[PDB]
Structure formats: C-alpha cells, structure tokens
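For reference, the chain that follows is the form deposited in one PDB entry, supplied as structure tokens.
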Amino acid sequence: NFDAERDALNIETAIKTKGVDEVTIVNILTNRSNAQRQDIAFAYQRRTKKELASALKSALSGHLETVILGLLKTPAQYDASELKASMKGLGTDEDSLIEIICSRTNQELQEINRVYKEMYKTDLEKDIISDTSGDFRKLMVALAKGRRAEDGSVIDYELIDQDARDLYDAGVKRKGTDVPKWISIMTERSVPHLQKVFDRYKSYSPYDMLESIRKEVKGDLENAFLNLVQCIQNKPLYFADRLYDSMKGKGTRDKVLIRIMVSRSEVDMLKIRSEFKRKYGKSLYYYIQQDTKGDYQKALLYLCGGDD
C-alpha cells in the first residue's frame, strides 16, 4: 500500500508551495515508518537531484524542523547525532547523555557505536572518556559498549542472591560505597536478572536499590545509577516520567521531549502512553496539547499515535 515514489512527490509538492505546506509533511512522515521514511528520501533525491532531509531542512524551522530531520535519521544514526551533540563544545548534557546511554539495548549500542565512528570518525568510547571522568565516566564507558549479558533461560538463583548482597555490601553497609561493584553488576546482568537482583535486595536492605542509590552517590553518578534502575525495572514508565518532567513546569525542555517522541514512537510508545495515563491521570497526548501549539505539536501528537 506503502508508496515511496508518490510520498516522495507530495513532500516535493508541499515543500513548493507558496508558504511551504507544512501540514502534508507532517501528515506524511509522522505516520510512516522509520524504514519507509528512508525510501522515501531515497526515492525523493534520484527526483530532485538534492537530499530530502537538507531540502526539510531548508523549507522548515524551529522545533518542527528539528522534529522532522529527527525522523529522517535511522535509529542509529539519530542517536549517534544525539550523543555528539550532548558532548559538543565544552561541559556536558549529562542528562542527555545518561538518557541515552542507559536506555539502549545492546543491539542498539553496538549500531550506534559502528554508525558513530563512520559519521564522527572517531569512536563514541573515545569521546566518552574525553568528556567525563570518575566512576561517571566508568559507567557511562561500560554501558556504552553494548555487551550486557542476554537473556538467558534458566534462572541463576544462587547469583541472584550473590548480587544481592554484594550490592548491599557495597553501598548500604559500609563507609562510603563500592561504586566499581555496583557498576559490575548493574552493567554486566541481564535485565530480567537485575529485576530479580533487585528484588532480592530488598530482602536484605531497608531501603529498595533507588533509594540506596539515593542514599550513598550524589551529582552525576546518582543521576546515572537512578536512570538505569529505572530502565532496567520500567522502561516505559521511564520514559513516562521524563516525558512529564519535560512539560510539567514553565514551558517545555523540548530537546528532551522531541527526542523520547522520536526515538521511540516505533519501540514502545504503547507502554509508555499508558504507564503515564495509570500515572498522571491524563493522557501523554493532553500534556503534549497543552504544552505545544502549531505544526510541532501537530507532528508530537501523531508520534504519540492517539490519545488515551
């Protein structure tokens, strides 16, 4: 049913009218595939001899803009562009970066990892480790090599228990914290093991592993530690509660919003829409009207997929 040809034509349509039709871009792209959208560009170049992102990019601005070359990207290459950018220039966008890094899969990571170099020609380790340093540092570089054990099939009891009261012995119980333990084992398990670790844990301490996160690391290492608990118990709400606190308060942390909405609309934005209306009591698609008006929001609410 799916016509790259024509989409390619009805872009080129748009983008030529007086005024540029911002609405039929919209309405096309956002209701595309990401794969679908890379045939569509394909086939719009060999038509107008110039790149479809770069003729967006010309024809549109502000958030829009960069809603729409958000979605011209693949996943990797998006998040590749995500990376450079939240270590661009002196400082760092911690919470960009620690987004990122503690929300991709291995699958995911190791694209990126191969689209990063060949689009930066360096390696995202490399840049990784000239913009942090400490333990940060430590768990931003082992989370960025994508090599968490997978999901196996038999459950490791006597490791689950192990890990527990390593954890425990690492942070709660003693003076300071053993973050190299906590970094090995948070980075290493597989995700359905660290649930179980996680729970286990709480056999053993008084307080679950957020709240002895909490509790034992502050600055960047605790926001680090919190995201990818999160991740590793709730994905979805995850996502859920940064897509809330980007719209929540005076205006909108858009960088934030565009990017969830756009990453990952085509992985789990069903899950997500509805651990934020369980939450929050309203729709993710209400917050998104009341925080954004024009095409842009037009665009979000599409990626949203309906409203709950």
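Positions refer to the first chain, counted from 1. Between two forms, the rigid core is defined as the largest C-alpha subset superposing within 1.5 Å. First, how it differs from the form deposited in another entry.
Candidate set 147, 88, 114, 126; criterion, C-alpha shift of 2 Å or more between these two forms after rigid-core fit; matching residue, 88.
The form deposited in another entry, contrasted with the form deposited in one PDB entry above:
FYI, this one's just the chain on its own, none of its partners or other molecules.
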C-alpha cells in the first residue's frame, strides 16, 4: 500500500463521508513518507480538482489539523512556515528558533531560504532581523546562511585546539564581549569539528562546555548557546529533551511536540526514542499516549512509529 491513486480515492471518500472519517485520513498520511504524501496531494487534486491541504483544512480541526497540514508540506516548506510562525510577535520564541535552524544542514538551509522567499515574498534574513535584536539577531542571521564548513577527510586536530582556547579566551579569560568570536566559530566550523571542540574545551575550563556557559552572556545568547551546543553535541538527545519539556507539567505546549514529531519522524526518530528511554526511563510512545488524546494522539503515535 503505496498506491497514490488508491490513497487519494480513500482520502476523498473519507473527507466526503458525513462527518469526515479521520481514522482513515490519519492511518494513511502518517504511514507514508513525505515524498509519498506529495504524490497523493497531486493525485488528489487531479482526482477531485481541489488541493488536498485545502480539503483537509475544512475537514479537520484542533491539533490534528495542525499535525496533518504540517505533514503535507515538504520539509523545506514546513521549516519555512514554522520560522514564520515562531518569529511572530516581537519575534518571540527564541528557543523554537534555534531548534529549527540548528539541526539542519547547509543544503537544507539553502532550500529553506529559497522556499521561504517564495512562500513569503521576503528573505528569511529580513524577518529574522525584524523579529530579533541584539546579538541573537547576529547569531540567527549567520546560522540561517547555512555556510558551515563541510568535512576534511582526516580529523583536523590542529584547528580544534585553537578554537577551544579562543572560545575560552573570548568567553571567559577576556570575557565581556568578544561574542563575535563565539558567533563565528559556532557558525563556520562543521558539527563534527565543534563536537571535538566541545571535548577539548574541558581541558581549558574547570567546567564542561554546557556548565561554562551557564553564567556567561546572559542576554539570550546564554540560553541560545545552551541550546545550540546541546543540538550540535547530540541532536537526538536534544529533541528528546525538548519533547519532554513540551509534555511535562499541567497540559502540553503542543506546538513544540507536533513540530518535532512531524519534522523528525523521517530523520532520526529511532535514536530520539532510544535516548528518551535512557534519560527518562519511559518511552516516547508512553508520554505521548498519556499526554494526548483522540485521533490527534494516534497521529503522533504513528509518527513516533513503535511501541517500546
């Protein structure tokens, strides 16, 4: 059962069923890859004459709408749209903002940039500028460029030690504000490289990288750098934490959990589950199931993908 024509027919049926049949809509869409869902949208329009995203908007509501509409976007469109979303307000959610931009590669970031401009008729860099300020704007602008180095074949041990010390020297030896130095090293070196930088940093600081930050820069670049480093060091662990933080406490910050599950079900969902189990003892399946209800939850559970 990947047959677009049959998928589109079953969804048309399910959408025109008196009172909609969400069970079917969810069983189909959360069990097809992003590419497969694109062929279904196509075949659905071809078949019904209306766009599928449009048909589901009318058919669906609450959190399930949000989940299903997101899934229909290609990854770049999705990211593009969640960057718009999260940078509205003064430009509010600075966490969500790194979440989306840390954790994409240079090439995903060129697509995001290109599409963003297309959907919103304005460069991503301009809204970041509008919706952020101070050093956070300088950081986000530079990340969004997606200009990290790629990879030298042998591990470039030479440059690591230099960066390690330089981060320590700018951050906490000299210390006020050679924050530019932090911005550049954190944005222009490859992830693997920076992972090693974070290990060798321990040699220079009495604290590990994360501990060293706690107390430095306060201006969001404290909290923004705690997020970026976790994200570089260990993406699965990073999303696992953010997933848990969204589901902890009375109720749920359903934006973060939805975005993550939709955005990561095809990238590293298995490692995320793995890490989540070890760090909190319970599986991701379980907190979701518990913390969500209805067709909404089984849509997440399907995107979670497995009972652990």
